[PDB]
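S.K.: Take the given structure of chain A and dock chains B, C and D to it, following the hints.
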Amino acid sequence: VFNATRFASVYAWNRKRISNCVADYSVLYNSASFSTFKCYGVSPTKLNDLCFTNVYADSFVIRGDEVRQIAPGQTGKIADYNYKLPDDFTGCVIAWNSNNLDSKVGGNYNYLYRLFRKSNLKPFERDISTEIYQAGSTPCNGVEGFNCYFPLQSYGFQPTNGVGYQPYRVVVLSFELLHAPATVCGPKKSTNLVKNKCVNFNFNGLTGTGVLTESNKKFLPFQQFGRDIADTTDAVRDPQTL
Amino acid sequence: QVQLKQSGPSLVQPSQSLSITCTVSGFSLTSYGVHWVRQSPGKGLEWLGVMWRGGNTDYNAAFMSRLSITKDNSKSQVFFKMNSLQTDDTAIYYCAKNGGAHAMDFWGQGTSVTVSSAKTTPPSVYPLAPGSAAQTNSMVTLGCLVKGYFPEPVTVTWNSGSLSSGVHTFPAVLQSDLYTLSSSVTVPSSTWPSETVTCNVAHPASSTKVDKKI
Amino acid sequence: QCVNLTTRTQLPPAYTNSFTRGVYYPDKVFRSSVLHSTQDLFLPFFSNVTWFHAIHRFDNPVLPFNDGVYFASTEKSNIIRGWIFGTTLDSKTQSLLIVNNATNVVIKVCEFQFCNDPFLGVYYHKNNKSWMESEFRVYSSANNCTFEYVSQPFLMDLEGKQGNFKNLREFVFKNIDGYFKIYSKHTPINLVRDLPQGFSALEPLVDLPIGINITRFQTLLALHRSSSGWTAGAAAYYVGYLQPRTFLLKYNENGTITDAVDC
Amino acid sequence: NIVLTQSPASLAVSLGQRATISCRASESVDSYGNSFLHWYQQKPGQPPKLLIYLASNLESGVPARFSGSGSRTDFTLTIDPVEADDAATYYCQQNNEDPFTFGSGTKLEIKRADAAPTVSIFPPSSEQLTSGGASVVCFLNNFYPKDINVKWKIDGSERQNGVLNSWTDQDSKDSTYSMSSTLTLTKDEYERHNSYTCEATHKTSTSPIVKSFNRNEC
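Residue numbers (my numbering), protein chains in the order written: chain A, 2 to 243; chain B, 4 to 217; chain C, 840 to 1102; chain D, 437 to 654.
The hints are simulated quantities; they were obtained by calculation from the structure and are not laboratory data.
Backbone N, C-alpha and C fix where the C-beta goes; we use that ideal spot for every residue, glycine too.
Treat the hints with care, as some may be off.
[What the hints assert, rightly or not] Selected chain D positions facing chain B (in silico; Cβ < 10 Å):
#1 465
#2 550
#3 552
#4 556
#5 571
#6 575
For reference, chain A alone in the conformation it holds in the complex:
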């Protein structure tokens, strides 16, 4: 999604559903290859230690002056009619300048946006309908005429324009947690295994304190841990090394 070939429009933002995987979030925070990094309700330093049911990477492009409208509970033409964020948005929004990638000779006019809609969209909603609306009862039904504006306006992304007009590839990282079990987690940074030393351990499922040492025992291919007769952990299998 970060290195995608091209981003969609702001009214037809592509909802990239991601589930059943693990990936680092601070890798982008400490990348120094972004123009905007502002999370809402969660810090990027702690996001690695949080699990969620599913996440969405909403890809779209907007102008530099329009990035201010991408926020939870913020009004605007692209916030109310193209892509609204909820008041309880516990995700993160990121963006980066794409003037050297999305620009074209004389300006890229392929990107579009919904200038207005009859009603405001719900959070995490997109509308690709080209239906036009009139002021009075005069029916247009397709082509324009007699004050029935066309809602989808085109973007002007010139290669030599100011920073407020250059294209910015935005990626809204939404997070969701429901009764279903959490599938999207971050990486748990492991340490070097120390043997024959009384050291505290923190394995995949079990934790404790004791002397870590190998033996001649053989667990089954699926058995990850081991306990004695009294339900006390007596042996384990290292998650990294079999």
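M.R.: Here is chains B, C and D on its own, set in the frame of chain A:
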């Protein structure tokens, strides 16, 4: 890239008809609208009509039956049929891309349609050099006099458009069924009379090109 | 899509008696020479399990998934192709689809529009055989997917064998806080009758953190023919319902369950 | 004809100030949720271009100083800070009711320090006399304000019959005014008097900007 310059008209007489062909570039003609206006004939800027995105046309109250738009998607050319043009209708016509809220995002250079009973006249360039007694300090001024031409406009350039910084293009003065346009440029002594200077001209109405070295 | 089999012969709901089947490792904890007492969803030993079979009769009914279901498959022709799990088996909500198309094991969770009579078909079983699948009447379409898993490529031998049943594939399916724990056990047999009276410990196969409510299920089966006049091969499967009873697990020195006791 | 009374007609705004251009309208309002109009800017050597659509949005190519608001009838454009690159006329196009007429046109002038025009004259060449006429040209440039009166004077008396003027508006980069004046003389009239004078009176320059030439300079 985005340029809607016009062409086709040379000279119009009162109470006549003539079409204006506007070049299309920078957008798809089949999905974008095309507007048509004039250039401030007396009072402020006016509006003639518009061709919507592949539908019907709308026009002004006064130009409902007189002016008409015809969009040719095969040749990518928009024709603008005019009727009942009077001497007071002399103005420059422009084409523009239709926007979202019936806006005119981008524009074209257009063409000046002169409506008058007088007949056309080709240009006649003359050299404008300073006098032999003119005192200066290693600097000289030059010009090109397009006197006795009709109708407007006329493009004046310096060495096929080499000089653009110090060149000054003045408007044409209205004479008796004629026009007199003036141009000037400030250049150092190292460029003249040391080097040769050739002033070019282009009359879109008559398609005349008169070369004259100063 | 809309294909429903008409060659299905009507038979009563036969059943048998499982001796000690339906036992598995409730966790990944190694134990050596001890008897671990635990109360979880196990099959009661010496209980009854429904007898389904697929011959030239075809059993794929909508069966219940209240607490948990145990599968025991006696096959010699590899007729089983997967299982359908869901609440109502329709596109109204999400449903877990487990299927084997003879090349990859596809496990997905979408709004599958399951058919009333789903089945797979093997074409050209007579000459230039190649035992390839082309027909897949499991569902019409699928939207709003939340899980997707595809195993490594392989080549399944779907050749119809004669004589006794040679493959005993046993599985367990339960939902623990959304974590669908799937167990597996494959062992050879020489069986000419109903379910064998023996003992076999079922190891975990996969763990699918999906998080959906399953109340009904079905079983996929392959067919052979060289579209309702199809016939089945030679295979049989069983359905046993789990219950939360206490069981002992006799672990040997190597960590395998050699015996168990239904309390 | 929508009567879009754009007022004032022109303003002399200096560097680092705020410009105000009003636009009154009557027909009409309630398009979908607002009743705003479009704004434009026409340079004297380029056709206009769309700056602000619905009076609330920017456009690529110009800085963010262009903004504004408006009520159901009156609409205002706000250019803040104004610099020496806004020598152009602004219009107001109605989009809620047809016809899509424009405003009267408010021309913002770059209020810079005053300057006197240049001094230069072009005697006629021998080719001009060959054609029968004799056209002299007087080149005045880089002066401000535009208030200037160029008049010719033959050796006999002041000539105000064949006095021509070509008023060039304030260029975008060059924030000064320019004007080229000429005189219509014939071959016989050119050989009548000895010298011919290009007189001019600028508002700032108290002394007249005068430049003459002799007939022998050819």
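S.K.: Hint by hint, say whether it matches the structure.
M.R.: Evaluated hints:
Using the Cβ-Cβ criterion of 10 Å, the hint placing residue 465 of chain D at the interface with chain B is not satisfied: the shortest such distance is roughly 14 Å. Given hint, residue 550 of chain D at the interface with chain B, is violated; its Cβ is 20 Å from that chain's nearest Cβ, farther than 10 Å. Proximity of residue 552 of chain D to chain B is violated relative to the hint, the smallest CB-CB distance being about 16 Å (cut-off 10 Å). A least Cβ separation of about 5 Å between residue 556 of chain D and chain B falls short of the 10 Å threshold, and the interface hint therefore holds.
Residue-level restraint check for residue 571 of chain D holds (minimum Cβ-Cβ distance to chain B is 6 Å; threshold 10 Å). Contact between residue 575 of chain D and chain B, as hinted, is supported at the beta carbon level, the nearest pair being about 5 Å apart and thus within 10 Å.
Hint compliance for this structure: hints 1, 2, 3 are broken, all remaining hints hold.
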